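Peer 1: This is what each chain is made of:
Number of protein chains: 2
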Amino acid sequence: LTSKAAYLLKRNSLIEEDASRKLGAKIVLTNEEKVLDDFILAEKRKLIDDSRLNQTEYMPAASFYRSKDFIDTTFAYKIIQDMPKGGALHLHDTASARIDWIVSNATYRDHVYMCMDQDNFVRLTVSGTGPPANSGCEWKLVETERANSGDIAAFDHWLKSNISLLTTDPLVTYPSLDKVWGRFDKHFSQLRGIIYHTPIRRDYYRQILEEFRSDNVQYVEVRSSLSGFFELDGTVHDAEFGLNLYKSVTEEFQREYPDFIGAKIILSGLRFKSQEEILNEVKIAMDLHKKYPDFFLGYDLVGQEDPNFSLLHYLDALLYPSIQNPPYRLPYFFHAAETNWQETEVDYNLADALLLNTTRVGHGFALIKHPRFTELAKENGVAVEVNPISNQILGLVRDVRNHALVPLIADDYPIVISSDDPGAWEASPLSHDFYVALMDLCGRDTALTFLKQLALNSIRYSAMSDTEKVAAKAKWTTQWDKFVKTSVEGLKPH
Amino acid sequence: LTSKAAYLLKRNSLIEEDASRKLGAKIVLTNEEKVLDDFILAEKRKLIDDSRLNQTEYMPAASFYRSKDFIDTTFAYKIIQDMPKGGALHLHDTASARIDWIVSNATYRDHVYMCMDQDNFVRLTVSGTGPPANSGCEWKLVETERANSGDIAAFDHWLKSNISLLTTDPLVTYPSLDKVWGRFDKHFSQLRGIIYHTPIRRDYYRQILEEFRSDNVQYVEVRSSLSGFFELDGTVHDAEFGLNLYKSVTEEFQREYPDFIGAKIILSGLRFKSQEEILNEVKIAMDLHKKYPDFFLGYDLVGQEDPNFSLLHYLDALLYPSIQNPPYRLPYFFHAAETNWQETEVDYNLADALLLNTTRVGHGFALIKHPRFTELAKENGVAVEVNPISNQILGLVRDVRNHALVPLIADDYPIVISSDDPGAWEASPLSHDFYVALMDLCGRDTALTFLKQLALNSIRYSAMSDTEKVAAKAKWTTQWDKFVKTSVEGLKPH
Ligand SMILES: *[C@@H]1O[C@H](CO)[C@@H](O[C@@H]2O[C@H](CO)[C@@H](O[C@@H]3O[C@H](CO[C@H]4O[C@H](CO)[C@@H](O)[C@H](O)[C@@H]4O)[C@@H](O)[C@H](O)[C@@H]3O)[C@H](O)[C@H]2NC(C)=O)[C@H](O)[C@H]1NC(C)=O
Ligand SMILES: OC[C@H]1O[C@@H](n2cnc3c2N=CNC[C@H]3O)C[C@@H]1O
Ligand SMILES: OC[C@H]1O[C@@H](n2cnc3c2N=CNC[C@H]3O)C[C@@H]1O
Ligand SMILES: *[C@@H]1O[C@H](CO)[C@@H](O)[C@H](O)[C@H]1NC(C)=O
Ligand SMILES: *[C@@H]1O[C@H](CO)[C@@H](O)[C@H](O)[C@H]1NC(C)=O
Ligand SMILES: *[C@@H]1O[C@H](CO)[C@@H](O)[C@H](O)[C@H]1NC(C)=O
Ligand SMILES: *[C@@H]1O[C@H](CO)[C@@H](O)[C@H](O)[C@H]1NC(C)=O
Ligand SMILES: *[C@@H]1O[C@H](CO)[C@@H](O)[C@H](O)[C@H]1NC(C)=O
Ligand SMILES: *[C@@H]1O[C@H](CO)[C@@H](O)[C@H](O)[C@H]1NC(C)=O
Ligand SMILES: *[C@@H]1O[C@H](CO)[C@@H](O)[C@H](O)[C@H]1NC(C)=O
Ligand SMILES: [Zn+2]
Ligand SMILES: [Zn+2]
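Taken in sequence, the protein lines are chains A and B.
Under the authors' numbering, residues 28 to 521 are what the first sequence spells out, in order.
Under the authors' numbering, residues 28 to 521 are what the second sequence spells out, in order.
Among the hints, a few may not be true.
Stated by the list, open to error - Distance ranges between label pairs, derived from CB positions:
| # | chain 1 | residue 1 | chain 2 | residue 2 | range |
| --- | --- | --- | --- | --- | --- |
| 1 | B | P334 | A | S216 | 40 to 50 Å |
| 2 | B | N81 | A | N161 | 48 to 58 Å |
| 3 | B | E304 | A | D65 | 52 to 62 Å |
| 4 | B | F148 | A | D96 | 52 to 62 Å |
| 5 | A | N384 | B | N81 | 30 to 40 Å |
| 6 | B | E43 | A | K167 | 54 to 64 Å |
| 7 | A | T194 | B | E43 | 46 to 56 Å |
| 8 | B | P334 | A | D146 | 21 to 31 Å |
| 9 | B | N81 | A | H264 | 32 to 42 Å |
| 10 | A | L80 | B | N132 | 52 to 62 Å |
| 11 | B | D472 | A | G163 | 38 to 48 Å |
It should be emphasised that the hints constitute simulated quantities derived from the structure, not laboratory data.
Every residue gets a Cβ at the ideal spot worked out from N, C-alpha and C, and that includes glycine.
Looking at chain A on its own, in the form it has when it is part of the complex:
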């Protein structure tokens, strides 16, 4: 009737037309699921409106250092903690478990040594033939140092404080992409000596499995170098040994916990190695994918993407599987366009990843800046592994609401949410990144369809076979319905 009423009808048409395109709009919720969705929506909308109208800071989009405790004090984070989120498809094996486990378990073992390097960073290693040979760092046995500390708890807390990235605010202590990446590489060099010892590495991978299961994540796809596992006698094993160790741990864990879906491993090489070495690693990946077709997925090039070699620089090595007669199909999981640049060597790695038939693309922070690349990656079914906390800390974004992949989420783009390296910055396996996605990557009228669609895409866009995908969806559905029923009974009066 009224021109105002006709305008409002057209407004509802347009707004529904726009808001139905977000990822997860296809989700239909049962009444109990709607109860949980309303529970989450109330808190999220209260926070959004309090920040917007009272003109106060929106903590969910703040630095994870400052917002971590705040997140830990919200009811919705408890809901997400109890929620089974499916799979974490983008992880690195050396920083996916608590640093506290390394401090309280690994550095308590025999022959574990420490030393303060030239940069005032603690380094931990394992050497069975007495103190290790090094003059650039004065090595002291950790047992004697802990005994001499007097206060053992303070010593362990300091040991975690000199290793963790969250001891101070990374956005302040390392206020540049270069500085924070230097701190990240320093963290890895600190943990390299001790974490590559074979027993400690096996127990650390076991801890990765346990911690991700406890956070109600049932499936993982872990990137690992797989080689360099050493013993007290000095023996250094090849990548196949590491793959077999991971496989045995995973099979034992699956035997213990039937609710767990499992784990699969991707081989990661470095973006600054010689093309000869990268070709050697590609050949190793081909052999391991042949010999272990169900557990070994493929190959990936990791390391800081801006200052190191491009995908094209390794092109020969990456084309070696395809030039065979018959051609061999080696899957890829490229980190691509993890950069703030445009039309450079870094973000144009997206073209290489798409042309090399990559299974998934890590980050894709510059993907939105390339229209045809986005279209082609969506058409081919290449999902994007978005790691919001990783992208904030490692210098890509500062306000998480300004993340580059938010519009792609709002237009139903194939995406999964993962943590990259959770342990380095003291983050939960997937619930903290899920909370960040819920509070920063979707609109005010989006609470639970988004999270359930992320949980579904973590299985759909995994590397599992179709039969494995169906079985994994069955297990995840069992856990999800159990969680929904328990939460609703815990919140709904009777």
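Given chain A, work out where chain B with the ligands should sit, using these hints.
Peer 2: Same frame as chain A, now just chain B with the ligands:
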């Protein structure tokens, strides 16, 4: 043939396909324009590669406070300075001239008083009836304080410092959207008393025109309140008086400088006023658009959009022109979705703006987050006024390379670059925002086709009639050809 060569063919075909979607990709440059583009590209690529590979900060992406002098020492900024950029379609009348003009001219006039308010901010006013009526701050003539100052240059520089937003780094001293918006409103309240005096306002608008012509901008569309211009006797004039004053100044300026295209005015109301006041402003805008259709353009709601009323909240007043018999078509230039939020009232103001047949959208920072809104605006031809430095300073973004509208640039969306309030933060009329757009909003292989497309879209998406647009483009083409010829003769060896 060669697998490497065939892959390279596919890769270059894909990259050409993707990079042709960018704004201005269809621009064809003459050989002289190619020389200028090569110079700009060399400078830009040097900066980009030095920042990326040597791991040093990319200064153009930093805060305008820190990067201002660095920009002032580049060759590309010199070229942009000499370049006629067309028009500035997003300006505000009280902050489109240098603060130095107010300090060195206006506060040297008679009847000008000053006071330090309770926030230690200098406020300037004009009172022809002795000391000003307000006693909350002791009003003293600027002449007396300048006399007692000792160093007059230091006194005037302190005036500019207490007035300007760029005296300190706003991203540090006001590290919140709300705090920096408070500083912006404080700046406006500082200059309100003196800038609304009729002679000073007239000369300030004249100075706006002069400064924008000096920076090779030939056309402007300025948003103004147009009402409240007062005299020494206390007479307060209506919006028609101020509009006619602007029109007379513009006609005189056009007569003096034939190379100038001209100026047109938009009526801006504040989005926190009463609905009755906004309705009366809409009626006044209708009357002024009827009486001065060639000089008066339309209406716009300005002011901080996050904590104030939405476009829907004013729906009655906004639908008043269309409900008449016959319906009246009042053009709109709504500031829309200048926010980091999603699926809230602020960014859903885009739906109201689109349904109200807005000519252009101011900022539209969250437009990319809404796909159907972007598509519908693209179909309807609604351009977006991108003000990069304003979006950085006022708290929307920190790294300009993470600007939300960069992907829309890369997919050829209708946009025009402007400055919002340049004089507020010591920015050149349009050259600085153009340099920021060049170095932050387009790829490494994009220098001059982008800038020429910006200049062309500035004329296509103006409010000028179809007959006036051809003549405006003729003037701009004359100036552009002179600029290209002179710059090439100054750089080309022959
Ligand atoms: C990424 O995946 C792509 C799709 O699987 C790969 O492209 C495919 O590469 C395979 C193996 O090299 C090609 O299959 C062979 O093609 C040729 C020629 O047959 C075709 O061409 C002739 C004339 O052009 C035509 O008459 C035929 O009907 C075929 O169309 C023969 O040697 C073999 O019989 C065999 O079929 C595919 O043609 C090709 N597909 C496409 C769609 O291009 C690509 O190599 C993969 N890249 C990587 C890095 O793994
Ligand atoms: O296995 C350890 C190595 O992994 C890299 N690495 C670890 N996390 C990431 C890495 N590389 C690239 N992108 C960011 C993030 O996904 C670096 C480290 O030396
Ligand atoms: O006429 C002056 C008033 O205009 C507003 N104003 C001026 N510039 C802007 C404003 N508000 C909204 N968006 C950002 C920017 O474009 C506030 C100021 O008090
Ligand atoms: C703003 O804060 C007050 C108290 O500080 C609170 O009552 C009010 O609900 C808040 N506004 C919103 C929108 O949450
Ligand atoms: C590590 O410890 C040293 C000395 O104990 C201290 O000075 C230094 O700041 C610490 N570094 C980090 C990164 O915690
Ligand atoms: C460390 O944890 C492993 C299991 O991961 C356990 O077997 C071992 O006993 C622990 N070590 C210590 C010293 O408690
Ligand atoms: C990096 O710095 C070196 C010297 O410090 C210089 O020669 C080079 O041109 C710089 N830029 C690069 C490598 O892009
Ligand atoms: C200020 O500018 C006006 C207008 O250009 C000029 O007439 C006047 O002389 C200037 N100086 C003053 C008022 O001191
Ligand atoms: C303004 O001046 C006062 C005193 O001269 C000073 O304390 C204050 O910090 C200044 N404020 C700004 C915003 O420059
Ligand atoms: C917008 O224009 C269309 C025709 O172009 C008209 O039907 C519609 O009523 C207009 N809406 C408004 C709000 O002016
Ligand atoms: Zn990663
Ligand atoms: Zn504006």
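Peer 1: So which hints don't hold here, by number, going up?
Peer 2: 2, 3, 4, 8 and 10
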